[PDB]
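Just the one chain here, laid out as structure tokens, in the form deposited without the partner chain.
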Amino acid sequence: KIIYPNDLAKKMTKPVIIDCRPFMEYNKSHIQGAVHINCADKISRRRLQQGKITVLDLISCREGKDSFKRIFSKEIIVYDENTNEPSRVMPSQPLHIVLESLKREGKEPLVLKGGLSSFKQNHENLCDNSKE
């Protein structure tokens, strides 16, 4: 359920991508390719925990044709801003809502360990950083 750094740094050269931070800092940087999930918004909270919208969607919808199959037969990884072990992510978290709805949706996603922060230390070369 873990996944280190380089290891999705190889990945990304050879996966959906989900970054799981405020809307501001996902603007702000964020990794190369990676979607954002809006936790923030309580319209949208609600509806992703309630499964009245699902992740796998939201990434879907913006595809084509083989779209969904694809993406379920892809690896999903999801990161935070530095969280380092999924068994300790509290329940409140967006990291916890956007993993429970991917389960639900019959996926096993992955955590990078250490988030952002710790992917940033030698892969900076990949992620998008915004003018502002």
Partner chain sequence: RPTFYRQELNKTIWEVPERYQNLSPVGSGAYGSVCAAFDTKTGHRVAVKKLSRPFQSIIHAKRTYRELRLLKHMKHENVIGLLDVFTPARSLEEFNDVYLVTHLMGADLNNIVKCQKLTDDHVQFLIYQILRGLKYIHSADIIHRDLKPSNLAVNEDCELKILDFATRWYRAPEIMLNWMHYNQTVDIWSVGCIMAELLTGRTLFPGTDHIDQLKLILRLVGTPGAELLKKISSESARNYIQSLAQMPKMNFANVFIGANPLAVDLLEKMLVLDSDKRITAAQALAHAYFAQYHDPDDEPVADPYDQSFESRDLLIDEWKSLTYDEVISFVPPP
Second form
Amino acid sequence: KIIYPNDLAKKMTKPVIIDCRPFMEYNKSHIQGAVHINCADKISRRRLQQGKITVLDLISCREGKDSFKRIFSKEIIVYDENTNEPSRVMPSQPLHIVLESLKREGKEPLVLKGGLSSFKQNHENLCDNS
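Switch over from the form deposited without the partner chain to the form solved in complex with the partner chain, please.
Here you get just the chain by itself.
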């Protein structure tokens, strides 16, 4: 379930990272290599609560020869702005939506405790900006 900002730091240098914060926040800055996901809006939630599409499926479109290697070929990390106690996350929160959708595809995701806000205490060098 939950990982620590430190574990991710090291885990990083050599895993798929999903950012489920608001798109403009994601574009302002995200953990290097982090991939963004639109899920909270009506259309997204809907089509998700209908199998029309699924998170893992979505992010499987950034390749050139094979669209899955490096994708489900690594553990999946997931993070939001700051959720400290992931265990308790409302069904509306983007964090909830992703986790349910990935878990629904037989995938065990790992949530970064304290989201991006935490990870920036001593990891600013592991982030993209503007």
